[PDB]
Structure formats: structure tokens, C-alpha cells
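Asks: If you want the building blocks of each chain, they are given just below.
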Amino acid sequence: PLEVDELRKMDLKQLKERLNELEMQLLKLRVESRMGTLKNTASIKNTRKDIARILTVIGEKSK
Amino acid sequence: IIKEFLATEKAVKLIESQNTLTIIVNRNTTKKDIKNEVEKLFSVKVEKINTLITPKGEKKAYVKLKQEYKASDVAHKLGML
Amino acid sequence: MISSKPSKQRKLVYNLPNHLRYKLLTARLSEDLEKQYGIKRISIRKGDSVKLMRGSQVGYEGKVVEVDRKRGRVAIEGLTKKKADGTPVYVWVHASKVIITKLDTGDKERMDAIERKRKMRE
RNA sequence: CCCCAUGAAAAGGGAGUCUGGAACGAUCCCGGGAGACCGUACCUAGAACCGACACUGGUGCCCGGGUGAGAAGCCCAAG
RNA sequence: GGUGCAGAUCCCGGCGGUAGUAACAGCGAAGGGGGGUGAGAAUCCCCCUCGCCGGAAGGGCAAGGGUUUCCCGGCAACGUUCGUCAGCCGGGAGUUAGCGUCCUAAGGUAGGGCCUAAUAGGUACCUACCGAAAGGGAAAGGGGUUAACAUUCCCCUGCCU
RNA sequence: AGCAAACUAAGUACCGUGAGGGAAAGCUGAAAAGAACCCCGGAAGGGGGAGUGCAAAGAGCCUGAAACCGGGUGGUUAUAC
RNA sequence: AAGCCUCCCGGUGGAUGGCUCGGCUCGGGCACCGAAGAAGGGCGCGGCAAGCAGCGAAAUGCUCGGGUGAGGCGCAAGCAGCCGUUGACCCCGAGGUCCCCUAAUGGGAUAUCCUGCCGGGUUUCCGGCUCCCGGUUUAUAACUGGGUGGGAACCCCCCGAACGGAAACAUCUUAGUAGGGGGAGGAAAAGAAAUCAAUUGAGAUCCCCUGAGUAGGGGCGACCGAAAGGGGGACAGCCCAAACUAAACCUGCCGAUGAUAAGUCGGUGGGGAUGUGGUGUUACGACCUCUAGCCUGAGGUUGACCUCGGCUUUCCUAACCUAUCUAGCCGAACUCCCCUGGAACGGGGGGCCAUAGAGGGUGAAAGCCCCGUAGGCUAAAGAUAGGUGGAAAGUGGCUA
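Residue numbers (the entry's author numbering), protein chains in the order written: chain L29P, 2 to 64; chain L23P, 2 to 82; chain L24P, 1 to 122.
The set of hints was computed from the structure by calculation and includes no laboratory data. Fair warning: there could be bad hints in the mix.
16 Å max Cα-Cα, derived EDC-like pairs, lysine to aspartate or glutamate [as the list claims (entries may be wrong)]:
id: 1; chain 1: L29P; residue 1: 29; chain 2: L23P; residue 2: 34
id: 2; chain 1: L24P; residue 1: 108; chain 2: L24P; residue 2: 85
id: 3; chain 1: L23P; residue 1: 41; chain 2: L29P; residue 2: 33
id: 4; chain 1: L23P; residue 1: 4; chain 2: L29P; residue 2: 4
id: 5; chain 1: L23P; residue 1: 67; chain 2: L23P; residue 2: 40
id: 6; chain 1: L23P; residue 1: 41; chain 2: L29P; residue 2: 24
id: 7; chain 1: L24P; residue 1: 102; chain 2: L24P; residue 2: 68
id: 8; chain 1: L24P; residue 1: 46; chain 2: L24P; residue 2: 107
id: 9; chain 1: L23P; residue 1: 41; chain 2: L29P; residue 2: 4
id: 10; chain 1: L29P; residue 1: 29; chain 2: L23P; residue 2: 48
id: 11; chain 1: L23P; residue 1: 4; chain 2: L29P; residue 2: 24
id: 12; chain 1: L29P; residue 1: 62; chain 2: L29P; residue 2: 24
id: 13; chain 1: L23P; residue 1: 61; chain 2: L23P; residue 2: 34
id: 14; chain 1: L29P; residue 1: 50; chain 2: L29P; residue 2: 4
id: 15; chain 1: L23P; residue 1: 4; chain 2: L29P; residue 2: 61
id: 16; chain 1: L29P; residue 1: 50; chain 2: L29P; residue 2: 6
id: 17; chain 1: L23P; residue 1: 78; chain 2: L29P; residue 2: 6
id: 18; chain 1: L24P; residue 1: 63; chain 2: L24P; residue 2: 77
id: 19; chain 1: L23P; residue 1: 36; chain 2: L23P; residue 2: 48
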């Protein structure tokens, strides 16, 4: 999943938990430190890259 | 902010033996409460926490739960068991 | 104005930045290609086919299946040298000794690059 | 008992006395709540420190019986 | 034209001979038998016995080293021999405190000022602060549990602010 | 040699309590085609045999001298430099 | 029996020979960064991640445009997986984030770490806290608003060495160099003569070549050592104090206007007669004032005078246009025949472009196989330069 534009579309209140809900499942992927043996290594990069974006898009809304 | 759920052979007993959790967080070098982090992320009361400074560069904390919250469940919800 | 010392020149081709790699891929088309396209040389893309003029296997026609963009050489199917085990590995032949035979008109973004080269109408 | 040597100072505590204040009110007990951050593994040296080394050199510190004044020597306890 | 080399107790790299020679003694330790593992055993492991130390080769504690701790698998070197073994190599794990931080001596500093041409210079004066893991300094122990650390985790008794 | 530096990190490892001093080290062929496979050993890019490839001096990989040492070729020795 | 010598073969070392994404010199361009947090370090950061490099908890890259155009996921080939045609990766520009120490400045440091006080919203958290300049409020309380360090060499200015040389050595010299301290910028310094020289001349300074080891200095010892003039380069020259005008003055904020600029306007606060602003600073004089005389387009006044014109100086940069720089792009001619060769980029034959035969690559020594080359072309968005714009002040000339 690569969300790119709808972040700019709608309100900022929801993206807080949208950040949170992503943040939680980041932990879920973070079980790999035990050799989680999770299939999608790129998910972390997918997770890590996108999480910053919404954490960046908020500035465009002059937070 | 919470970063990972450690799963060493040492840890697994603790979540069973004492219903604790081995969680390592940022090295924020300032804490009053790693406590109130969990419940807004897991809805669990806290009974005690402590401080660890591992030589590998992380900051470990033994957090134990009151008996009303069986720590194995949330871990199973997380998904290592 | 660019220098002519051998050393500096070789540095570019050993350090080719990514958006310039087409340079070591472009190969000569055929007459029939330029007959309806009005163009001499163009960069290679996948999904194409080529013919060969130099090397021990001169005179082959295959399909553009493999490529080495960073250093600039390609490969075509139906042409392999068996390893000791018996699995095939792709023969590596440079664009420098090849002639293209056909291209893929299914991109609409490679197409306009063809167009902008002053080729006549369509 | 000795001194032509007279043998450290703060913070921190506790008490005493006098002034002002409000009447509620504890240095009592009873119930409740909390108590940053960081040190914390191992080795202390005839192999873990230094002396270029798995070095008879130095750097430490402290602590069973009998025989025997004995921490002397001997042997044997713990190890 | 950096220009022709045997040296300069030349420099650097390689390898000679003395050569399998010295040494692997000397400071009061010492092993033996049987079994096991593994290719390979004086050297590693199991059993028994035996000798030595025993105000130290024992026990617990620093500054320092920084993983030297533990588990699992290994031996080309690394070990003064060997080596299945190790502080060695390779794959993983591991220190929790309501029961140092505070103050201060030797002194020191930083500033204000007294000089120095200037200063990263000295500074008698004043002010602010640093200065002890053996100085002083509130308060807990007991038992019990992991291979690995514990007055810290489990239980009881507490205790101090 | 070229500035120390062309290399997996060079002011890096390191020697020094300290100001500081200060290294060594390039080349497989074009394409790893890196010897599948069979025998020895436990193993070692180790042996042998096969195979790739113009060529294998095929990982310690261009070419490969001497000091050296070993096998052999040719002379040649225990009354003697 | 040792061997001995030489030679063939092998291993042991790697010089030779060859190759080079490296340095080295030159010339030419370019040539400050910093409290909005530097340079310099310390830490982290990827699926499996050690160093470098890059990156800053928004950690192998976040956003937006511009170019680019089919693969990308560094150094660096593995397992596994993903991004990419809804335009990737890359490159350009604009942003966003941007930990800790660090001149580090809330306070403290033998801790790259701990720790307060206010104000803000408030969950995370955010702003401010040595020495000064000018303001608020009491005349000491806090509060409004803006000099520190680094940078390869270079530059300026103070302090200031011995070694040696004199075949000794003490004066002298080596020498204001080595070095110390302060302080800048991209250049610095200096810069308008109390200059020279000499037959009445030249005309800021600086550097280059000469003048010239000349002048001149010193146990007259080693040695040191000009100027003037000439010849070259670019050659630019304006403000202050005074005489004399005398509040006609400068400046903070807010609001309006003005393109947001400057300026003007209304209110505001400050500074100022112990002097702001106006003209003006030069030598056989200059300048100012007064007197007298002659001398501007409109108006007025009494040949004469005055007010409003153009002009000089200064300040302000905007939207637009032009050019230049950051980017990619166009860009000729054979892979024709025979032979050798693993490969033709070789040998022979054959044909051609050239304003492009610098150069590099591709299985070798290729103008015509590929790039590039001579020549020409590219902009959203920025940056630079010029024009196009606006405003303020000071305003006759000559003569005695």
C-alpha cells in the first residue's frame, strides 16, 4: 500500500490515529528481531517510508 | 515511544512466570512514565517498571502487569505466540 | 571544451550516473526500421529483438530479454553456453555489434521520444 | 597518661526561646497514594591491570584444628 | 634528462649458514590405573585413588580492561607440545534498587575589577560555582527462584520521605 | 616512484599518560564459463580423473629472476687444494 | 659414500616487462560560512548491515514542480521481498525534517551528560533566560529590539628569537624572517601631497620592468641598501570641523496608502540649542557673507528683486523584458568482398562523410560499429547582470 495524495485531501484529526494504527502494526512487523520470519521484508521499508510522509504532510497543513 | 517486543528465551518465561513484559523503548534519557504508554496502546494497567542500559545501545524495562491482565494474551494478540 | 586526457574520460564510463545509461545501449537499427521511422540509432528497450554482426555466433536473431544498464551490455534468448552442471547461462553480447529488428509499440512514453527526433510525421 | 604535635570543615538533623497569624488540629495512630535519572556482567592477578607475552616485576585492601607465645615452621580442616 | 652502482657498519623486500642446534630445568606440585568421546589422545572428558597448597594457589571486595560472563558449534592460526579443548574463532543471549547523584578540605575555575600592548598572561579583593564510588550524608532484611545478574524479580516481615 | 595516501578505513591500525610519530598493501580471462560429475581423506579452490574455455601458472590466479632447495640429465670423488 | 660443477624440471619468493578510476605541476575560472546555531567532533539509521559514504528518530531517504525515460533497490554477485507505465531510480531547483556536545549562551560538568525559572497551548511538546548598544516600568527589578568562532594560503597591526656569518668573536649582519597576540575580507592594505624637482616643470595611490648593488650605511667585515626620473598596465575622486543658514532636524511603532520597496500621510514614543539639518572645503589662493554692476520659461514685485520651472546629488527596487548560469538535446559517412584470426578493431581489395580524423569505448591497432568531438539547440523554477520604475534633498552664472 502506497498512499500518496488522499493524505492531503481530508482532515488532520484522523491522521493522528492513522499514524497510530500504522505505528502499532509497525511493531507487528517489528517481531522480526526474534527472527520473526515475516515474508515481506520490504513492508518495513514500506512502513518506514510512508510513516514519515504523513508525519511530513502535516507541515503542509501549517500544523 | 515503544519500539519492539523482545523475544529472548529469558523473556518467554517472564510473561508466563510473572506476567511481565520485556519491552525496549527509545533512549529518551528522561522518563517519568514508560507506564502510561502501554494502556493507550494496549489498555492495560501497570504495576511496576525498571531500568536497563544494555551494552548494545538500547534501554530495556521490565514492566509487570496486575493479575487482571494476563500478559500472554496481548503478546498472542501481537503475534509471537 | 571537455578534456582529452584519457584518465578523466574513462572515469565517466566507469562511473556513469543512472539517468545517462541509455548511452551505452543505443545500437544501430536496420534499413527497414528507418524506412518507416526516419531514424538511425536509438536506445534499446526490453521486449525487442536484434541481429548480430560480430562474434563467434554472428548472424543470430533472438529477443531482448536481458540487459546490464549500469555498464552497458545485453543478452538474447536462444543463445547460451552450458555450465559444468548443465544449466544454461545467457551469452553476453554488446550492443556495439548488433542491429535491431523490431520494437514494442505499447508504451506511449517511449513513443514520443521516437517522435521528437524530427522524424517526418508519424 | 602523653603533647613547645592538641588532633577539618559544610551541608543535613533535632531542640529551646520570642513575634505575628487563623481556629482547627497534630512530630499519634488507623486507611490510602507516590517515590526521578544513572552505577549495577566478569576479574582481581603465577592467564582476565600494567610491564610489547597466557611475564617468578609491581599495584592493593580485608578475614579453622592440633602442635605450638604466636598471622613463626609442620601437617591437616573449608576450598 | 630524477640517467649507467659492489659496497656508503646504505635503505627496503626475499632467503642463506651456524641447524632441528639453544631453549621448552632451576623460584620446593605429581600423578597412576580403568572406561568415553572423537580421524587423531600423556595433554580432552567419566570413575577411583594419590600428592600439593591451605594468614594463601582460599574467600570477598576496587581503579582497568569492555564482553574478559553464559549458552550452542567448531579448530588453519592463535596456546611455548598436542589438542575433540580454552579468556581462541564462529551462532545467539545477559546486569533493573523509594532502602553516584548532595555538601565540603586541600584547592581550583568562571566572572566583576588591578596590571599586561594584547592576549589562550598574572591576578592579592569580591561574587558564583567545581572539587571524595574509602570524608559526612533518610530509611531492609530474610529466606526463595534462572546457565548467566540480584539486599532490585516471587513471599513475609518491615522501614523512611 | 609518484604528495603518506591508486587497495574494503587511510591520518586508518598502531607506539606513546602527551604534545606527537606514523605505516603496509594494485592485475583471474571478455564473458566465472569458478571445474558439474566419479574415486581418497573428515576437511581444506586438497589429491586423482574428467569438463569449461585461445590459453589455464584456476583463487596463493599476467608475465614469473636470483639468492634457495629437491628430483633428474652429463661428467666426476675417499692420497689428498 | 658427501657431493662438485653445469644444465633440464619443479616448487619458494614476486623484479623485470607490461596496464592504471591516482597523485603532481602548471595556467584559466571561481572564490566567505557563522546565535535562524558554524566549522569540528559523538552518537544512532537499512529485512538479514561491520566500515565508508550518505543520512538525523521524518536515519539508505519525505514533498512539490522541471528534465529524463524502462528498469531500480550504493560501495557489493547471497536469501527473501517490494517500488516501477497512475511514470519509477537518477539529475536540477524549491521546500520539510534536521539527535548531542560544540564559540554553546537557563545553571552546572574530570558526564558528548544531568539538571532548573518563566510564558504558550497543552497528550506528545513549544518559546525565552556572559559583554554590550539604544527603549518599558521606581530613581538597580524584570521586561522591548541588534559585537563572539572557524575557514588552505593569502592580508593588516602590535611583541619578538636564536642557529650561523665575519673562517675566532663581543658592534654589525643573518632579521622584523621563525614564532606569539589581536582582527578582518575575498581580496586586503593604501589612496587625494605640508608630493616632489630645480629654470621654474610634473601632478592620487598600487603593483610590474628598469633605474641599481647607483645614492647611501657598517670592527669600512661579512654584508645591508633607497629615492627621483623613464617605460607598462588600469588611469575613476566625491564627503566633514569653521566662517555662514538656525528645529526648516533625525528616528520607533501602529494603521492607511504606496508593488509589500523607498516615500508620504494620521496618531503615537524617543533624541536634539552642551548644535540636528542647509552651502561648502581648498592655496601666487579656496570658500562664505555683504556691497555694486551685467546676466533665464510662467507669475509677481521694486534697470533691479523675488516665487514656481530644468538641472546636481542621494535613496529606493518592484511587476515586465533581454541576456548569462544551474539540465539535458541535435548532431555525417561501411559493419561491403576475400584471407588469417576464439574474437577482427588485422592483411588484401572495394566505397564514402568531413566545418566534426580531440579523445574514449566495444572480444586487438576501427574517421565512416557506439559515445563524444566542430557547430548548434533546451526551460517550469530559481540565481546573476542590464534596461524598463519611483521618491527625496539641494539648487541662478560672471565681474569689482
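Asks: Compare the structure with each hint and give your call.
Replies: Hint check:
1. Taken as a hint, the residue 29 (chain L29P) and residue 34 (chain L23P) pair is broken in the structure, with Cα atoms around 23 Å apart against an allowance of 16 Å.
2. A distance of roughly 43 Å separates the Cα atoms of residue 108 (chain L24P) and residue 85 (chain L24P); the hinted pair therefore is violated under the 16 Å criterion.
3. Between residue 41 (chain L23P) and residue 33 (chain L29P) the alpha-carbon distance is near 23 Å, which puts this suggested pair outside the 16 Å criterion.
4. Proposed proximity of residue 4 (chain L23P) and residue 4 (chain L29P) is contradicted: the alpha carbons are some 23 Å apart, above 16 Å.
5. In summary, the hint linking residue 67 (chain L23P) to residue 40 (chain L23P) is supported, as the alpha carbons are separated by about 13 Å, within the 16 Å threshold.
6. For the proposed pair residue 41 (chain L23P) and residue 24 (chain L29P), the alpha carbon gap of about 13 Å is at most 16 Å, so the pair holds.
7. With a C-alpha separation of about 20 Å, the suggested pairing of residue 102 (chain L24P) with residue 68 (chain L24P) is violated against the 16 Å cut-off.
8. Among the hinted pairs, residue 46 (chain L24P) with residue 107 (chain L24P) is consistent with the structure: their alpha-carbon atoms are about 11 Å apart, no more than 16 Å.
9. Straight-line distance between C-alpha atoms of residue 41 (chain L23P) and residue 4 (chain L29P) comes to about 26 Å, which puts the hinted pair past the 16 Å bound.
10. For the hint linking residue 29 (chain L29P) to residue 48 (chain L23P), the alpha-carbon distance of about 24 Å lies beyond 16 Å, and the restraint is violated.
11. With a C-alpha separation of about 9 Å, the suggested pair residue 4 (chain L23P) and residue 24 (chain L29P) falls inside the 16 Å cut-off, and the hint holds.
12. For the suggested pair residue 62 (chain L29P) and residue 24 (chain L29P), the alpha carbons sit about 21 Å apart, so the restraint of at most 16 Å is broken.
13. The straight-line distance between the Cα atoms of residue 61 (chain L23P) and residue 34 (chain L23P) is roughly 14 Å, inside the 16 Å bound, and the hint therefore holds.
14. For the hint pairing residue 50 (chain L29P) with residue 4 (chain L29P), the CA-to-CA distance comes to about 11 Å; that is within 16 Å, so the pair holds.
15. Taking the CA atoms of residue 4 (chain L23P) and residue 61 (chain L29P), the gap is about 27 Å. The hint is violated against a cut of 16 Å.
16. The suggested pairing of residue 50 (chain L29P) with residue 6 (chain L29P) holds, with an alpha-carbon distance near 15 Å, which does not exceed 16 Å.
17. Taken as a hint, the residue 78 (chain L23P) and residue 6 (chain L29P) pair is broken in the structure, with Cα atoms around 32 Å apart against an allowance of 16 Å.
18. Annotation: proposed proximity of residue 63 (chain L24P) to residue 77 (chain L24P) holds, straight-line Cα distance about 6 Å (limit 16 Å).
19. With a CA separation close to 9 Å, the supplied pair residue 36 (chain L23P) and residue 48 (chain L23P) stays within the 16 Å bound.
When the structure is compared with the earlier hints, violations turn up for hints 1, 2, 3, 4, 7, 9, 10, 12, 15, 17 and for no others.
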